[PDB]
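J.: Residues per chain, in single letters:
Number of protein chains: 2
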Amino acid sequence: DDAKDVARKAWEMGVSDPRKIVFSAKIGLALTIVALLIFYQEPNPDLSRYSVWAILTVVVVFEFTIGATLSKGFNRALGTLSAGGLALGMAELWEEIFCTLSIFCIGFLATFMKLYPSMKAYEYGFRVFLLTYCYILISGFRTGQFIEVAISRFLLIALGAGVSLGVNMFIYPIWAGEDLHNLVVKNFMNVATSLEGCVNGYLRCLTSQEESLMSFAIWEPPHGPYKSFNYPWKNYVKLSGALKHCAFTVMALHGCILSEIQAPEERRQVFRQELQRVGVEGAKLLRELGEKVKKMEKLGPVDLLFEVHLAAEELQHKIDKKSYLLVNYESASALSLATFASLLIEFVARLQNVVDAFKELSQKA
Amino acid sequence: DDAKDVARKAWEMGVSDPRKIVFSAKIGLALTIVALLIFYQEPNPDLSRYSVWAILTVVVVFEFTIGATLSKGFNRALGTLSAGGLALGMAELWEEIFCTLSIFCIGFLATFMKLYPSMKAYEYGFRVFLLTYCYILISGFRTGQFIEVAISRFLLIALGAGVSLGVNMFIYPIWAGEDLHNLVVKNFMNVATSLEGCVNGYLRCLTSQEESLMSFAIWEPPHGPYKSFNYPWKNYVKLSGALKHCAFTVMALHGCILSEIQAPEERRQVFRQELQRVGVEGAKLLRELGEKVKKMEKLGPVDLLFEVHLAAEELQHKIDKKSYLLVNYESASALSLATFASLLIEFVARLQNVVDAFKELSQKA
Ligand SMILES: CCCCCCCCCCCC(=O)OC[C@H](COP(=O)([O-])O)OC(=O)CCCCCCCCCCC
Ligand SMILES: CCCCCCCCCCCC(=O)OC[C@H](COP(=O)([O-])O)OC(=O)CCCCCCCCCCC
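So the protein sequences, as listed, match chains A and B.
In terms of our numbering, the first sequence is numbered consecutively and its last residue is 365.
In terms of our numbering, the second sequence is numbered consecutively and its last residue is 365.
Be aware that one or more of the hints could be misleading.
[To be verified] Straight line, CA to CA, 35 Å or less: simulated DSBU-like cross-link-like pairs of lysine-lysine:
1) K244(A) <-> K9(A)
2) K318(B) <-> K322(A)
3) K72(A) <-> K318(B)
4) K322(A) <-> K186(A)
5) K4(A) <-> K72(B)
6) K20(A) <-> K72(B)
7) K120(B) <-> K26(A)
8) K120(A) <-> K9(B)
9) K244(B) <-> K234(A)
10) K114(A) <-> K238(B)
11) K322(A) <-> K238(A)
12) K114(B) <-> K186(A)
13) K26(B) <-> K114(A)
14) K234(B) <-> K292(B)
15) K322(B) <-> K359(B)
16) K321(A) <-> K238(A)
17) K244(A) <-> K364(A)
18) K9(B) <-> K26(A)
19) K318(B) <-> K120(A)
20) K114(B) <-> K20(A)
21) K318(B) <-> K292(B)
22) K238(A) <-> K186(B)
23) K114(B) <-> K322(A)
24) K284(A) <-> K186(A)
25) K234(B) <-> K120(A)
26) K72(A) <-> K234(B)
27) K186(B) <-> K114(A)
Just so you know, these hints were derived from the structure itself, not from any lab.
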């Protein structure tokens, strides 16, 4: 019952988003290739009980997006070497006291530098730095059994990363650039539906996830339609804030939807028809820009503000001749409708920055 | 230069927040005790090159808050056993094909169940389940060298967790309940400062982080002032949303601060004095509730709405006799001030739910 229903919902999510099955199958295939290689090409126990670092490196350095693998791994690459670099300094350097004090001070400094301000996301390298240094110190005591146990833990962790890179980079690439288009376009549609729902309701009564993907996207090679290196992936994040202004405005509109001083609807149903036209014509420019961005038409947004500007102006010179319903429990309701409509003209006025911010991007791209 | 300045800023942050130094020192002490114990009580190499699981368990199962350690570890506890539980089923169970198909299907199902909906936070147990099963399968091939290499990797990982629990639970406990008070009180003050800044500006011209802590807090024992088990840690999160309503309102106020249709200030400086009194008297009830929550006075919020209600009503019957500035480029500005003031009365009206939601909590506590 519950299991079947959950599986069904997951199935619709998977067919809607086919990346889930592909990514899971890719991880499965990488684990199978590593296990098969170990169990076939090494039946001779030169080393067959200390290779659990290959499975671990495969399961840890493999992520959803290609930019993630390349850029996040490079953080781990310098992170492992930095701890190793100081390790050689403190391996050659009466012995046990120095060992303990070093292993305590280095951990202290690493932890303090990892709990600092806005890097609470650049943190895997510091865990790497702690673990590498602790690993070297818990085992390097001998200098006779050093290399034999040390390189048997580096070669196998390197030839798990090689495969986890090749398989991920040459089977269904999940390029971070495309997901940026998917996020920047879905925003337009969902905001448009939000405005439509906002305006429909008074008459009905009887950049964290967008700039992180930019950091990933600066490392992925020019795929197909992204022509040259250093593609201007700086204006996709600047268009998002331009829309986020209007997102705040429509959020205020919804806060007006669910207010506690709502108007006496019989009174509101006098100025009741022009709002719908303003909303309908405002949704159109917002859907058309999304359509322009999705296929990336290099023809330009030529003067789309016309209909919405005319609608806004006609709304402006309609609130004014019929201003008898807005001014003089009872008094508070009157100004509410004025606050109600005064936001929408602000939406149209703010809609202009979006057009400029997309015209500059369509030229810079 | 840069290093000294960064260190200084970190020093002020640390003296302001002494938990950073304490937590880092505690991790350092745990690493030192583990390393000292290994290097002193085991100079005899029964096993001294395979205990790197003690250092790892210490560095991974140790977190900031006590509730984190106990509850997150329990997720790991059943996570490791669940994979181990099926492992015995698929160890007794012609051999290699079954091995590969099992290690692929189990990984597939675990990954799919980990990339599901709103658990993107309950995910460490699934990594644990993958790693345990892969570990067992990459090594259990022998059944003669099984136990010797297996228990030498369980005893040491258990007696790193024992110390990482004891040290964290009996040296400067960082109880999750107290941080809930700190977050629920800081909110009142910062929102009050936000309102004060909002109202000061038109005349100046010439629950993700609160409900997660609740889940942690349900596992920590009754410390001191929290009397009995099953303390009502359900109303601290319900008061936060009651304040979040007004947070949305003041966010709309700030959106009005930075609008593009701002009023011609010479015109606004006519109805200019009562807003300041309304804001000042509204900040007071908002600071006093924070003071009531901070020390948790069991005396009750007895009729604090009086001053703010009177201020709101006097504002109401002031917009109305002077309504000549609000109605009839020029027309749009007029209704702006009406939207301006119509929000504030909504703030006072919404302020009532907060008092009820805190009166019920002060009785239930
Ligand atoms: C060159 C490019 C490398 C690209 C990526 C290579 C590694 C990627 C790191 C991903 C996670 C990882 O491998 O862990 C580092 C391990 C210890 O971690 P764990 O296995 O305990 O989780 O620590 C170790 O593997 C031990 C190795 C320490 C010896 C390595 C340095 C030897 C001297 C190098 C100087 C050039
Ligand atoms: C009992 C309460 C325990 C409380 C916590 C104990 C462990 C806490 C887990 C924290 C992380 C951890 O230990 O990793 C699990 C390891 C493999 O992980 P890693 O060392 O590769 O990172 O996997 C292993 O350690 C291998 C152990 C597998 C044998 C354990 C099960 C044996 C049969 C148990 C049945 C009762």
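J.: Run every hint past the structure and note whether it holds.
T.: We went through each hint and held it up to the structure:
no., hint, verdict
1, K244(A) <-> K9(A), "31 Å, holds"
2, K318(B) <-> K322(A), "22 Å, holds"
3, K72(A) <-> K318(B), "60 Å, violated"
4, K322(A) <-> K186(A), "39 Å, violated"
5, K4(A) <-> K72(B), "29 Å, holds"
6, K20(A) <-> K72(B), "26 Å, holds"
7, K120(B) <-> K26(A), "20 Å, holds"
8, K120(A) <-> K9(B), "17 Å, holds"
9, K244(B) <-> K234(A), "33 Å, holds"
10, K114(A) <-> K238(B), "33 Å, holds"
11, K322(A) <-> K238(A), "40 Å, violated"
12, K114(B) <-> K186(A), "24 Å, holds"
13, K26(B) <-> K114(A), "15 Å, holds"
14, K234(B) <-> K292(B), "18 Å, holds"
15, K322(B) <-> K359(B), "38 Å, violated"
16, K321(A) <-> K238(A), "40 Å, violated"
17, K244(A) <-> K364(A), "21 Å, holds"
18, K9(B) <-> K26(A), "45 Å, violated"
19, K318(B) <-> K120(A), "50 Å, violated"
20, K114(B) <-> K20(A), "10 Å, holds"
21, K318(B) <-> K292(B), "33 Å, holds"
22, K238(A) <-> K186(B), "32 Å, holds"
23, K114(B) <-> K322(A), "58 Å, violated"
24, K284(A) <-> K186(A), "15 Å, holds"
25, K234(B) <-> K120(A), "29 Å, holds"
26, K72(A) <-> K234(B), "39 Å, violated"
27, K186(B) <-> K114(A), "25 Å, holds"
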